[PDB]
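S.K.: In case you want the letters, here they are:
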Amino acid sequence: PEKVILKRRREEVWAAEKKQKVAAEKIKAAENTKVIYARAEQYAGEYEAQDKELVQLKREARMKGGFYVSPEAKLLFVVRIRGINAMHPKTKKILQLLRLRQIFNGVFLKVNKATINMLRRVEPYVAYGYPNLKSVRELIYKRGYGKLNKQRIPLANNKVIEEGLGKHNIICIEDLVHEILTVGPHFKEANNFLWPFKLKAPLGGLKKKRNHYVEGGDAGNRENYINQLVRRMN
Amino acid sequence: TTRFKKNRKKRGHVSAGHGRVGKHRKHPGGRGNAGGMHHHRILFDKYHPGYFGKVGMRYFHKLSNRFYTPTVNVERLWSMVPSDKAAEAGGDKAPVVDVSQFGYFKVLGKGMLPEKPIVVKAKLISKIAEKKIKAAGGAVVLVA
Amino acid sequence: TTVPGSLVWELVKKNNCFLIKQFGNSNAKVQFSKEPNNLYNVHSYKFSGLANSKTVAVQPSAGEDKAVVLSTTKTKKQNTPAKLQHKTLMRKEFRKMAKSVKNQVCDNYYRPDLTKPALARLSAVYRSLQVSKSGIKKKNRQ
Amino acid sequence: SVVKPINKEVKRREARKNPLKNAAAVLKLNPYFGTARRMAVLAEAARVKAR
Amino acid sequence: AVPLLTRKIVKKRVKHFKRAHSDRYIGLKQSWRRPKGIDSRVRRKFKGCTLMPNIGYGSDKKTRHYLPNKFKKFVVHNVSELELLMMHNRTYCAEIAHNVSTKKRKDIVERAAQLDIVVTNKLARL
Amino acid sequence: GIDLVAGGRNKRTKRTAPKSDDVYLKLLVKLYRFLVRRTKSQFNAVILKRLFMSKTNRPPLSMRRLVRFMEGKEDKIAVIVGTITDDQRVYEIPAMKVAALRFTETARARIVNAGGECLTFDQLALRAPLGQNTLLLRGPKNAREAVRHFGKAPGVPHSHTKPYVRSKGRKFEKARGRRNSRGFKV
Amino acid sequence: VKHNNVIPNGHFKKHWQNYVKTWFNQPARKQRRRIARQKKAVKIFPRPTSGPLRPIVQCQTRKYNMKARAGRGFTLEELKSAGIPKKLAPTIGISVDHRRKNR
RNA sequence: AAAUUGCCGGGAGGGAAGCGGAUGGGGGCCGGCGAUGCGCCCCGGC
RNA sequence: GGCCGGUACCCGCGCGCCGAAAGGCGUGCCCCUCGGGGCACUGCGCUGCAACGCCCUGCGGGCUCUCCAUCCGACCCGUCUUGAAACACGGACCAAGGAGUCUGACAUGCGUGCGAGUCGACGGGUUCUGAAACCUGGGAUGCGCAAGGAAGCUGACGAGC
RNA sequence: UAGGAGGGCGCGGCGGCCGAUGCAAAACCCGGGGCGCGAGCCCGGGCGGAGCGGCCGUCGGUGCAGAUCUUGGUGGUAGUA
Ligand SMILES: [Mg+2]
Ligand SMILES: [Mg+2]
Ligand SMILES: [Mg+2]
Ligand SMILES: [Mg+2]
Ligand SMILES: [Mg+2]
Ligand SMILES: [Mg+2]
Ligand SMILES: [Mg+2]
Ligand SMILES: [Mg+2]
Ligand SMILES: [Mg+2]
Ligand SMILES: [Mg+2]
Ligand SMILES: [Mg+2]
Ligand SMILES: [Mg+2]
Ligand SMILES: [Mg+2]
Ligand SMILES: [Mg+2]
Ligand SMILES: [Mg+2]
Ligand SMILES: [Mg+2]
Ligand SMILES: [Mg+2]
Ligand SMILES: [Mg+2]
Ligand SMILES: [Mg+2]
Ligand SMILES: [Mg+2]
Ligand SMILES: [Mg+2]
Ligand SMILES: [Mg+2]
Ligand SMILES: [Mg+2]
Ligand SMILES: [Mg+2]
Ligand SMILES: [Mg+2]
Ligand SMILES: [Mg+2]
Ligand SMILES: [Mg+2]
Ligand SMILES: [Mg+2]
Ligand SMILES: [Mg+2]
Ligand SMILES: [Mg+2]
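Order-wise, the sequence lines are chains A, B, C, D, E, F and G. If you want UniProt numbering, it's the 1-based position in the first sequence plus 10. If you want UniProt numbering, it's the 1-based position in the second sequence plus 1. If you want UniProt numbering, it's the 1-based position in the third sequence plus 1. If you want UniProt numbering, it's the 1-based position in the fourth sequence plus 303. If you want UniProt numbering, it's the 1-based position in the fifth sequence plus 1. If you want UniProt numbering, it's the 1-based position in the sixth sequence plus 1. If you want UniProt numbering, it's the 1-based position in the seventh sequence plus 1.
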């Protein structure tokens, strides 16, 4: 029948085009994974160089007589530690902007004066500090979800980065981890891509959540100890 | 249609949809328009401005026949002309239309006219209607 | 079907005299259609024996043994009901009968939709005739 | 004549592979992970074999 | 006559949802009616009071309405309404309607045994 | 728990299928579900979302306005998801091709004797599956008489809303609140 | 009253349920009138069933002055000028109306 | 029909009984409550 | 060690051999150069994890049904109420009856018919089961198509951002 | 909670469709087996001895635990004063 032979003609045409498409994407993926290998290589290299360099300048300044002052953290990890009941409405709006809309959410934040004075307002409600490399990488792997089409996607592969990002020159999970950790030009987009991390309740317990950390509690800066905490929120 | 009535869906809900705190008693606002100037005042002076008062002069034994003047705009006149007597015409010859044969008295003037001449014949006309007809080249005959 | 198949469907999908629906209009609802020219006796537009030009019916026959009627509608004779159905009473063996049903249903492109379901109803009908002849020998619960 | 290539493909949520101690998946995420491990292990090799 | 179902039937609750207070009074039937009271500790859902149905107690969609037979039932009144189950007997189960004669049940069950349609009422009324 | 209004689920509501159980219009809905799904033509999406309307979201569009909107664009096919009613206040009309849900037998006679083409949407979906050379027109929505009675209140200043009055006359809402000589002017 | 509505004007304060007029005998009215007409025709066979003749007159009242309709009877002046005597026009099926004036 | 009562059999009772969630022990009850068939293969006829 | 899952894709399998089997087995490049490692060219198809039990009309299996025991929970429902278990009112128990309806005007929302018209509603003709149905009239019946004025009266000259 | 809307269960008819019924209908009873989150529904057993359902459309005097509710019946009280 003319109808069915025509239908199969188009079917064969599309079947040919899918085959050639998949061959092109195989070649593309083959070259793309070498690219990713290079990027991850030189990210590890430069992380290591920065860590050694800080030590080098600190000894150099000591031997020269004075002292070196470390350049403060560009990035904060903020996790909410109070329930959503009996909150002041200003606090409710501030937490809706910081994206901490449910207890034990943890978000990555630039340090700038607007943000840190927005944290000063909800300080009894948050625990925050300066994540280190292991913290950032293992959060983004073990609990990494993407705001793709407003839907949440489990970043279980490099592919989802290619759609959410990539207009921003982020292709891989290590590109994303770097460009967060060393707070980059595209950190706005590479962070609004992420979904507010869902954390476990803190294994080993917690201290009182009512006091500031300085008074013994948990809220506010624990500047580095957000490291010692994420290991138990995760 | 009882099966759609929403009371059948309020079966089993004690109040039948009129509230526990303030109930559904008989006439808590008076029978009808009551309290027009007292407590329904906001209502009558917000949604019905002009209700209360006397305006205008009385007319004993008004007959609606004496106020009867059905109108037609100029724009409707060419519909009154059948196609074959539109074609039986030229540049100088125009169809003569007696609107009273259609039931209209006055010929108002809303709308366009074509260049085609038309000779309307009515019981009343306005300014603008005659101006439009003359400007179309047609004329006017007054009858009754 | 003077009016097309889709319109007859849209006209008879909700109440038709061949439809047996039970258990109410809830999620429990059970729907079968019981017209002869429907194969799975499922009430849907694919199978329907009324909403279609081209339908395949496979019935165990009137009083006679091992004779299966295979009938297909004629697309062009729709408005002549006495002469709408092409029936053939085949008493051959199962394999030959199934070859014939493939010939009449799939290989002429009459209606490849029902290539599998018509052979499934053929299987069930043929064994129904077998057991109507012999009796229960297997219980077929394993 | 104008409709696009039909898309019969069902793409489901594919199971979670432990991205931290499932080496077969750590690689598809971070292909450098193997080399990163290898240099460190081969570094401790010298560090310990020395003494 | 062998079930198509390949998915174990788990039920989130077997005990019935009896009306609250059906126990103390005799005029109150066992059929559930939601307490609409304003101080009704059933409605306020104190722990220790008769649980109300939610949607959360729903059963799985593919394992819904299967008897322990692992067949969905279908009530047939006569042989004509039975012969429409030939190509479903691996997922549907025919039950004879409760008001048929035994003369007609013998016919239904005769026909069902040959068409190989599982029935749960082939020992009813005999 | 989590901080959301209504659990974040959409509280607005739109028609997703017509309430009208007209068989031909369900068939159109099927046809345009297919066209919008496989075709990606925004025009077909609009035709769809406008089949899912009331009749007071689909006002009639008359010949006078239709001719206004197709002076000089007669290689483009008019598409009104609605009704086309004629107009004796028009004299010459272009030979024009238009698709619409209904044609009053006077409008359709008018157009056919103008020498144009009177389509339905099933004919349109053939010669404009993507909406090539098409002119999508709506009718005047706020033209209905009920629309007058909407807005801010009839008796608040700076509002020109029509009041609900059971007859026009002198005795019906003219005295207090309608003139300085009785009370105040609204 | 309440939300913006036309002001109520129901004339339902008397005992209107004592004077509701329902029309369920309407078909029987039609059938009764038809039998009445049939038997009048049978009695007045072969007179015309329309009854006696009537005049073309104009309606009154500016609204209707231009519409002719049937009248009650020809004036004495018509009956005289037609050669149809006063006393005899009702005899031969022509109404007579002594009250009209011809102008 | 129910409330209500009698006999017969059983169950339990240190100033209430009844109800909900666990199973445990008693009973009463379910054979679609739970199977014995599938292919190959050799006759011996059908 | 705990809980869940058990495969139509992720994995995995065959397309060669050795090996009961985990598994090993080749070539060429780069790397240190022991050990040995990195990379490499890639193709077709297939694609519901296993082993052994125990019971099988039984003194079995398990039950959403009944009774009981134990543990934890557990105030009496309806109701006005800011607050009910209330020392607030009604309620001994069962059966049946029992409470937003129907009508006129209007309004918004929606459906349907037609659409500058639409109504056939009071009448007439017909109607062989019919208080039904069907036809008819309207050229002005109602509403709409034109509004402003208190009334005499006048009554929309054609839209741009 | 007040309140609103959507989808359903149930009762009694009407217009159609599918049927059950002295080999036992309706109704009612059960420590019977189920289905549904739920209104409810399906089947078995029994009494019962003549009518009854299910579906689509459509309608209405349609869903009871209360009203010192109406009527009828029956308890404890009590073999007591
Ligand atoms: Mg612990
Ligand atoms: Mg503590
Ligand atoms: Mg409520
Ligand atoms: Mg109550
Ligand atoms: Mg209400
Ligand atoms: Mg109340
Ligand atoms: Mg209150
Ligand atoms: Mg009130
Ligand atoms: Mg109050
Ligand atoms: Mg006062
Ligand atoms: Mg309360
Ligand atoms: Mg939640
Ligand atoms: Mg003012
Ligand atoms: Mg009175
Ligand atoms: Mg009793
Ligand atoms: Mg005893
Ligand atoms: Mg208990
Ligand atoms: Mg138990
Ligand atoms: Mg009070
Ligand atoms: Mg008080
Ligand atoms: Mg007290
Ligand atoms: Mg008191
Ligand atoms: Mg009181
Ligand atoms: Mg009392
Ligand atoms: Mg009752
Ligand atoms: Mg009219
Ligand atoms: Mg504009
Ligand atoms: Mg009632
Ligand atoms: Mg009744
Ligand atoms: Mg009661």
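Hints are computed from structural coordinates only; laboratory data are not their basis. Treat the hints with care, since some could be wrong.
Result set (SDA-like, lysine to any residue): computed pairs, CA atoms no more than 25 Å apart in a straight line [stated by the list, open to error]:
| hint | chain 1 | residue 1 | chain 2 | residue 2 |
| --- | --- | --- | --- | --- |
| 1 | G | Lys64 | B | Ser80 |
| 2 | C | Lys140 | E | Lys105 |
| 3 | F | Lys175 | F | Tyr165 |
| 4 | C | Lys14 | C | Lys77 |
| 5 | F | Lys74 | F | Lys15 |
| 6 | A | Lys144 | A | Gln60 |
| 7 | B | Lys111 | F | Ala176 |
| 8 | B | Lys122 | F | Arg90 |
| 9 | A | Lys100 | F | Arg90 |
| 10 | E | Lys16 | C | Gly25 |
| 11 | D | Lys324 | A | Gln238 |
| 12 | B | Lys55 | F | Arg171 |
Label-pair distances were calculated between CB atoms; the ranges are [claimed, not checked]:
| hint | chain 1 | residue 1 | chain 2 | residue 2 | range |
| --- | --- | --- | --- | --- | --- |
| 13 | C | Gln23 | F | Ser21 | 26 to 34 Å |
| 14 | F | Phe185 | B | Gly36 | 44 to 52 Å |
| 15 | F | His159 | A | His222 | 52 to 60 Å |
| 16 | F | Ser21 | G | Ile36 | 17 to 25 Å |
Listing some non-contacts, in silico: residues in chain F with all C-beta distances to chain A over 10 Å [unchecked claim]:
| hint | residue |
| --- | --- |
| 17 | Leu5 |
| 18 | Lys12 |
| 19 | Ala18 |
| 20 | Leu49 |
| 21 | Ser63 |
| 22 | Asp87 |
| 23 | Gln124 |
| 24 | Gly152 |
| 25 | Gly170 |
By construction, the Cβ of each residue, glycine as well, lies at the ideal position given by its N, Cα and C atoms.
S.K.: None of the hints should be skipped; say for each whether it holds.
M.R.: Right, here's what the structure says about each hint:
no.	hint	in the structure
1	G:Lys64 to B:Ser80	holds (24 Å)
2	C:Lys140 to E:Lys105	holds (23 Å)
3	F:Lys175 to F:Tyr165	holds (13 Å)
4	C:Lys14 to C:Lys77	holds (24 Å)
5	F:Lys74 to F:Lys15	violated (34 Å)
6	A:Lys144 to A:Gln60	holds (15 Å)
7	B:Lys111 to F:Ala176	violated (31 Å)
8	B:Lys122 to F:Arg90	holds (19 Å)
9	A:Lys100 to F:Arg90	violated (62 Å)
10	E:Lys16 to C:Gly25	holds (24 Å)
11	D:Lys324 to A:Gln238	holds (21 Å)
12	B:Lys55 to F:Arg171	holds (9 Å)
13	C:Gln23 to F:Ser21: 26 to 34 Å	holds (29 Å)
14	F:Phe185 to B:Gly36: 44 to 52 Å	violated (20 Å)
15	F:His159 to A:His222: 52 to 60 Å	holds (55 Å)
16	F:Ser21 to G:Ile36: 17 to 25 Å	violated (47 Å)
17	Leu5	violated (7 Å)
18	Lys12	holds (16 Å)
19	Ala18	holds (24 Å)
20	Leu49	holds (21 Å)
21	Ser63	holds (43 Å)
22	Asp87	holds (42 Å)
23	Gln124	holds (21 Å)
24	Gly152	holds (33 Å)
25	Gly170	holds (54 Å)
Hints 5, 7, 9, 14, 16, 17, counting from the list given before, are not met by this structure.
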